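Fit chain S to the supplied structure of chain E, relying on the hints for placement.
Protein chains: 2
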Amino acid sequence: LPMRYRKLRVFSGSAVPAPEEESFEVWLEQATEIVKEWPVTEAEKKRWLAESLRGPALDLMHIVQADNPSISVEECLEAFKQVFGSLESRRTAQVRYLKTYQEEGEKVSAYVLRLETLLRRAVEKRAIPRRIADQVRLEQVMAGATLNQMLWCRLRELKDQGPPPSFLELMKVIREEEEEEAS
Amino acid sequence: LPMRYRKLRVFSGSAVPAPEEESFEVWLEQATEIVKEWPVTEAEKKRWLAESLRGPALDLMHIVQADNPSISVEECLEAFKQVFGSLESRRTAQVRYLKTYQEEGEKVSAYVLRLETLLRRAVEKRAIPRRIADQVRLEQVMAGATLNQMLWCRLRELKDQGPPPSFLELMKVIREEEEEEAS
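As you go down the protein sequences, you meet chains E and S in turn. Per my numbering, the very first residue in the first sequence carries number 1; after that it's consecutive. Per my numbering, the very first residue in the second sequence carries number 1; after that it's consecutive.
Same shape as in the complex, but just chain E:
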């Protein structure tokens, strides 16, 4: 049998959130689900929507409704996106990707996962053409990582051995090299 009901994800909109809160992009997934999918009455949608909000973000929702009583939940979410959503230039998406380097004590397979989230944003905002993202991924790994020289021998084969690797192919080759023998 399906286990315990799952708690709502949550969001404050604060300049420094609590470590249990989500990104706006993820709270907006839960909110889009509640709006589009749930078989529920409007005031019960609105009480489930309201129950997820904290911080400053809870405080906007009342102001917007009082000034327009005809507001649907589909319209109220459009006001919520303007105040708490995100604005970022093409140049900022591009510069924020290319500046990313491996940290102290971070593993190479941890770095290559962290770096892949930034490459998707830069391809959405048309900063990088989708035609060349697999070449741009390999060039940035060899630029930013602290590769051991047996790993260096393999990545230099992938650079030359036909087309550039996919994400899961590159991630496999890295994992085979990360393992150490005990003493």
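Just so you know, same-sequence chains aren't split out, so a pair can sit in one copy or run between any two.
Pairs of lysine to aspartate or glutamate residues, derived as EDC-like cross-links and limited to a Cα-Cα distance of at most 20 Å, are as follows:
1. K159 x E177
2. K159 x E181
3. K125 x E25
4. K159 x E179
5. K159 x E180
6. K99 x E181
7. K7 x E33
8. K99 x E180
9. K7 x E20
10. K159 x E176
11. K46 x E29
12. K107 x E178
13. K172 x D160
14. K45 x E74
15. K107 x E169
16. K7 x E37
Hints listed in this document are in silico derivations from the structure and should not be mistaken for laboratory results.
Structure of chain S alone, referenced to chain E:
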């Protein structure tokens, strides 16, 4: 013409031998030869056998004979093995092999020879199956040696290029890499 007669190998049985003495396993080769092969009279066998003994080991031989006058040289060597021979568990043979690492200023071809004596003992005492000794040899060299990275490139080919190498094959590949160019 065959040159000067060869001196007897020798054994004390002492807790610290003189540096000219052999292991019991080698003095027992000379003793097994004298017992099985030499065309000689019994009291002359026994005087040649006796002449090789020193330390504490010389002192046992009299006690054993006095208590049983019917003793043959084949029976007297069986008593000698009980007191001076070697006892070692399966677990001690296995642990004593796997713990072996390259020393300060020792060469890689010197290490791979020193390590091969220990692998034969562990396969006699059934600690390591004879089916897999060539795989176990390569895994221990890459674990214990301080390989330069051009040697590392070749041993990583041998690991993948079909079956694992024999002793003399591995020893050839190592020797080709050890040599240096003068200035």
